[PDB]
Amino acid sequence: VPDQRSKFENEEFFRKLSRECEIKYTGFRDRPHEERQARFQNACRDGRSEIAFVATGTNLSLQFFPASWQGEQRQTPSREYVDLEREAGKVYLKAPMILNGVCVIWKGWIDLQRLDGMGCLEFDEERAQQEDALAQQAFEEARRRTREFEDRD
Amino acid sequence: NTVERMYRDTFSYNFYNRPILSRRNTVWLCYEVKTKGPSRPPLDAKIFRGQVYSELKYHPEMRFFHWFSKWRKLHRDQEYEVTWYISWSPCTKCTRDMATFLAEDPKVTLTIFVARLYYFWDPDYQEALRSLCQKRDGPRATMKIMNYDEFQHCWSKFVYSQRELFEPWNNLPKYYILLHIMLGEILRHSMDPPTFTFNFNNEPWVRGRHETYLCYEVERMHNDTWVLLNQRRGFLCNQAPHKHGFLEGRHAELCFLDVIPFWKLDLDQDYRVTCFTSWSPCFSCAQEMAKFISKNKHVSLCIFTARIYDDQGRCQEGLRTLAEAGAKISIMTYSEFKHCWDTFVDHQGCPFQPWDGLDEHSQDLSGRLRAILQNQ
Amino acid sequence: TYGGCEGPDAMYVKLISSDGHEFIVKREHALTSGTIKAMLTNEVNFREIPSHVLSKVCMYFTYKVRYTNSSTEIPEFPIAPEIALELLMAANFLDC
Amino acid sequence: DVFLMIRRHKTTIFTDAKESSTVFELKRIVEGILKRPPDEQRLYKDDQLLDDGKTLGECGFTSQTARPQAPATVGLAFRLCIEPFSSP
Amino acid sequence: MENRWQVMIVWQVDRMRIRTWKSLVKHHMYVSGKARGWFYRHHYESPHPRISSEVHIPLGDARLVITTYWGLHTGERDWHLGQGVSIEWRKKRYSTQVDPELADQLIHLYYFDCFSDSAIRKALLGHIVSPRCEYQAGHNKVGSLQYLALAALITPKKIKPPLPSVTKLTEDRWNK
RNA sequence: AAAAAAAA
Ligand SMILES: [Zn+2]
Ligand SMILES: [Zn+2]
Ligand SMILES: [Zn+2]
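Chains as they are written, first to last, in UniProt numbering: chain A, 5 to 157; chain B, 7 to 382; chain C, 7 to 46, 57 to 112; chain D, 2 to 80, 88 to 96; chain E, 1 to 176.
Any given hint could be a false lead.
30 Å max Cα-Cα, derived DSSO-like pairs, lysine-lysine [as the list claims (entries may be wrong)]: (1) C:80 <-> E:22; (2) E:141 <-> C:32; (3) D:19 <-> C:32.
Note that these hints are calculated values from the structure, not bench results.
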């Protein structure tokens, strides 16, 4: 856990920096604005479609897929959600992930009037100790290695 | 870049219509251009060449449209019909660009004949195809599968065939019918109301119903719930005997069983296939369906028939054995007729209008089917 | 840069080129080399390394320290074949 | 931040600083190593003497001029010799 | 009852890059023995409605999965970016999303040819160095001065067709 | 018989 936190705070992170970044909903680009808002809001309510949010200035996008499509449900010590209650005109997104070996939470908010908003990344302290220690150690050892001058001729 | 004709080996290698072929990395486009009106020889006809992996500007479709846009200027008050014979169906980018091109040009009609369907399982390609062809508010573009006549025309007019007759390969008709069913599924083709009304009448005394129609849909199991696979839905009919097609014509049931394995259903899941037929299966088709159902334990079969087809008494044995295999056989009632009308017919918003004596005929047929399946 | 080289906490280690040039570079940057790190007294004299080789190795120190943690859009590090073998010799000596 | 080169009398120092840093800051940097008062010195660039009051932007030098792989080169003098590096 | 989701990081790419990636992976799995041991899963082997293909790469006792995706509405206005890629590192029930550059770096630890330990010693004795690195996408970090110098004096091999790279597959071209 | 397709 201390190594994970140190990495998160001090490492050029994944190309997805923890700093606040403007994000936008990309779905149904072509269709008119009102149609886009209606479809996005309906998808957020239903939970039957998929929803994607892209960082405005890059190539990275976060995809929420229905947990059914994956097949076997994955055990979730922490909870992700798409809430539509804390504010009248905003949707709040919470998504735990494991990136490059460190557990994180991505938190975002989208304004349904404009279909854009802000997202950020934070360190997750709860699940780091719950995850298997052997797999953490294996990935850590693997990523510390270099191919060069390693093979024994 | 164009060539007048292609060699015999080139044609035989490239226009072979097995739905899944590798190592066909070139696209050949034979094109003809004519003027609307009485039949006359094409004004221009040639062949374009390309590689699938080349740049989009070098694809034969883009090259044809670039050539045509310039050549089209000589007489702009002329309205043209264009025919393509293409070994691979255009790609997703070309499909979209042709849609735009045809939207630009109102005085041009395009008919495309394809030997094979390229990437027919890609959802994005399917959407682009529906935009190009299905959409009646979009461009007037038709797409069809090459049959014997089209292959023979290409052999005659676009091949170096020195006094040599066209010789079909082994499974030309089988592959054609598979591809025809797949394309109809992708384009969401619909039955016209007259065909439905004439073929699906359940009056016991019918005159002139020599052909059997079959509408199919598929459902998948999940969370103890049947979820429709909107991709798998369509209709088909029997193939009349033909010297160039099937010598003794193929029954709709056999075509359906042929197309099922191409869907690549997962053996670890559970599926339900529902068929609505105007005639119940014959004895041989019932035997084939029973064998299929016995082998493929991951598929359940449901048959709803408008009429009971009986001949020589083997039909009752066939229905009995098909039922014992594990299929469910029933008689179409008001609900099923209305559902088929609303799902598989081009009703244009019109409501389903039942005919005279529907309910009584349904009841009599249900009694007959109960007697058949109970008595043995 | 108020840190006094003459003192124990130097803030700068002196490097003497075999050719006759002398540079000075922060202790942290020299720490990236195993030999100098083990040696470090506040002065280092290299028996063989020419002046230009010393300049290139120090520029590499700067570069790696600047981009040691960054893993995005790393710029190129120019090298020339006529100096490649001697630079490699220097690096092998220094365990850079 | 950027990195700088100062060469004079077969002597050199490698150090980093910020963009808007004035030449007074550069002289303060070199003071801790040269033990010589700042305003006495005068920098040199392209064999042009640098006055006591000078700024990066006013000088026109930019970040793209000085890189970790190719830092900007300027000479120094006391109360000038642009001595080249050794050659193969 | 609240809904449930899986969250992925998907790099938006164009279908042409996906096609080439598939072709290169297949060519080096079958025609060349270089990517032998990798597995390719067709679209019809996955229940996922959006999965287009999977490439599985054994890494010792762990595994690297590159997944391509179909029919994402996120595609650009010009449909420059309809499809997507994701990278995962799995071992037993543990999984982690992986950066494309770290992905190539982890791949190169197991599969292609690199300079041997005796490469430096041979080079200063003026001899010929072999094997020499042929996968430069596996050295995308800031390596030691030794590696940079050696790679300078002896050039890397240029395989044709190029070995498959996760970095080249998921590199931002639309926005640059 | 196989080719899910730049595996040529
Ligand atoms: Zn095309
Ligand atoms: Zn029959
Ligand atoms: Zn290597």
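Next on the checklist: Please list, smallest to largest, the hint numbers that this structure does not respect.
Outcome noted: Result: hint 1 breaks, nothing else.
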